[PDB]
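Below you will find one chain, with nothing else, as structure tokens; this is the form solved without its partner chain, and questions on how it binds or moves follow later.
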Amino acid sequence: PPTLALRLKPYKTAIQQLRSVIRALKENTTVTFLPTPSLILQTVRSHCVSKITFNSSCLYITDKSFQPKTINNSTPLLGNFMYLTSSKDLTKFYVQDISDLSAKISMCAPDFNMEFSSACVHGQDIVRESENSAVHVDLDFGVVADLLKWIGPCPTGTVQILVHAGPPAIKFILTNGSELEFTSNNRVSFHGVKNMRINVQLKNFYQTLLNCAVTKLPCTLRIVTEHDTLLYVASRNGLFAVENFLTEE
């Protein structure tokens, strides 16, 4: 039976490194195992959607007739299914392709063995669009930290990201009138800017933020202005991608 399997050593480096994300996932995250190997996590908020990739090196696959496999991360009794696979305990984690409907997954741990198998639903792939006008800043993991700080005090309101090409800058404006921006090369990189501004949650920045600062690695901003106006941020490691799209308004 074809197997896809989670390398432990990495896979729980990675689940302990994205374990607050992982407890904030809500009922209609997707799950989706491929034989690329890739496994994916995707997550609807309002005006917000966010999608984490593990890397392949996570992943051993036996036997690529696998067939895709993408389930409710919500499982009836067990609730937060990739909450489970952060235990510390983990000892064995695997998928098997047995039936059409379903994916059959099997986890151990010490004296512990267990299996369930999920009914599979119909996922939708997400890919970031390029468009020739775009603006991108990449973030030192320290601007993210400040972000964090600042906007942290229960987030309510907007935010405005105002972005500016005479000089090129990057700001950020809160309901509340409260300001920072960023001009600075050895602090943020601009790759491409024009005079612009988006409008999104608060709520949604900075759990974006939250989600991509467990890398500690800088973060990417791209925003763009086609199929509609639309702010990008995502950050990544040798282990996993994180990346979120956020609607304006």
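C-alpha atoms forming the largest set that superposes within 1.5 Å between two forms make up the rigid core. Positions refer to the first chain, counted from 1. First, how it differs from the form solved in complex with its partner chain.
Considering 128, 171, 104, 136, one residue stands apart with a C-alpha shift of at least 2 Å between the two forms following superposition on the core, and it is 128.
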The other form holds:
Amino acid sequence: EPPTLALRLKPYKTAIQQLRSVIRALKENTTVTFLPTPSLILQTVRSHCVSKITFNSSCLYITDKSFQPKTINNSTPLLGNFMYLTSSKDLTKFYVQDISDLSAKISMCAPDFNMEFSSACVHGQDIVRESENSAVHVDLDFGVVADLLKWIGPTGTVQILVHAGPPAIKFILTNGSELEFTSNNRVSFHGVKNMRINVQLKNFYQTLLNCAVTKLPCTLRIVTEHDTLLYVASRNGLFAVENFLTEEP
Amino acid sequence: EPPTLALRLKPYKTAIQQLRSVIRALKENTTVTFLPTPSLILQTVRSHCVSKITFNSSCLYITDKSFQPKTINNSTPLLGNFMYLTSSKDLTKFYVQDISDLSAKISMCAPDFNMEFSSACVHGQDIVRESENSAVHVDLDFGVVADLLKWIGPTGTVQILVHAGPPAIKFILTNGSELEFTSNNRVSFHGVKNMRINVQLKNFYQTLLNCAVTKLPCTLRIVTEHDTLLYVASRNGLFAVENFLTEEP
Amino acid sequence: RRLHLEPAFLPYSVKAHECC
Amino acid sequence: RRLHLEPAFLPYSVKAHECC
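Having displayed the form solved without its partner chain, please output the structure of the form solved in complex with its partner chain.
Now the full complex is given, and it begins with the chain already shown.
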């Protein structure tokens, strides 16, 4: 039996339903990485934004740890959106086998059906990762995230201003409207530094929506180790949603 | 090597593109039958209408004639619309193997991909077939079909009246509007008998649209061997479209 | 036998196996 | 290497094989 990575259906099904919106909107700029951890990472790449969804160990089962990491594009030659297909309510078994170093053999089952598909592997795919520490790090209650979404929602940029002492975070719109959160029971400020970044409103809003699916707190960090990036993430017991946005001039 | 039925892609691709509308609208009431003829039959069943699409020998290739007829529902457990999937512009190989008497093993290829699926077989499926001769048989130019479509188009029933001598065919609407075609260069009357049938306008209109995809003549017959049925069909060098409608009270 | 036909169509039908 | 990241993201990325 070749190294096999299987999905534990109960939690995996719960997970994709919460991510339905995200999964359904995936296009051609997304990769799926299967790791022997076990782990499943979906990474969507845009010019100034990288979105990543990581399913944790509780959603997977791995037999043999010699399973070589496998990466494929989500846009499959005849089936189209791969992850969307795994969201089918009929799915009863889903597993990936490491037969060749060149492809991933994916098997799926449903009541009186079974299917197998071999997808060529992508080599050297770069996966964006959250930095150890950073210039700014704030945690926000889900309710704060909801406030931000409500305030922004139905091009342009949004300025994110962070203040030292007392700690504070402000979101500024081009029209001179500002939403601020001071240190209190709804937001925890770990690392703070006086700085202001500018990000694309659309990607920022989209990032907040992606994180909101957890209905749990979010983390916002501004990293300056290299080029300035804004990091917005949230997680639950099944997956973690992470987004990295670059600055707009 | 097990008995294999393969699709000759050039003509098959030409065929499904002409049938795009029909293929895309298929739901849960359609079966796909693979025959060693070779032949591929799609049959859609409704209460007062049965629609059948038969792909001829020129669209298929069969190795071994001991290939047992295989029938599956078009609505596949995870892939959804089976025939729609075969319409993918990326398809480079499509074949069905007769491994077991219980299922059909379908294989599909695309540039750096290959997929296989096993669909449980339907047993004892009844396939409606055109009768040797009939009470009425008229052939109509495509232009006549276009006139009918234009006249009806943007519930209710439509009366079809046929006259003996001189031969004539009339389509009557509830609002007292009638469209008639007399024996001439556009319509050929083979068998005629004085009779009038009533069919559902919706299924009739839909039947005309299905036949119109050939841009070639149509055949209209009224069969009375058993229960009265209206038969409307058309064909080209790749497939034949046939519809059987029952009478409305 | 998956898709059942209304009685009116039965006499005009044949089993898939005896088809062409 | 399928999906290329803009230069700004490269230093914050690792290859899929050295991932968790």
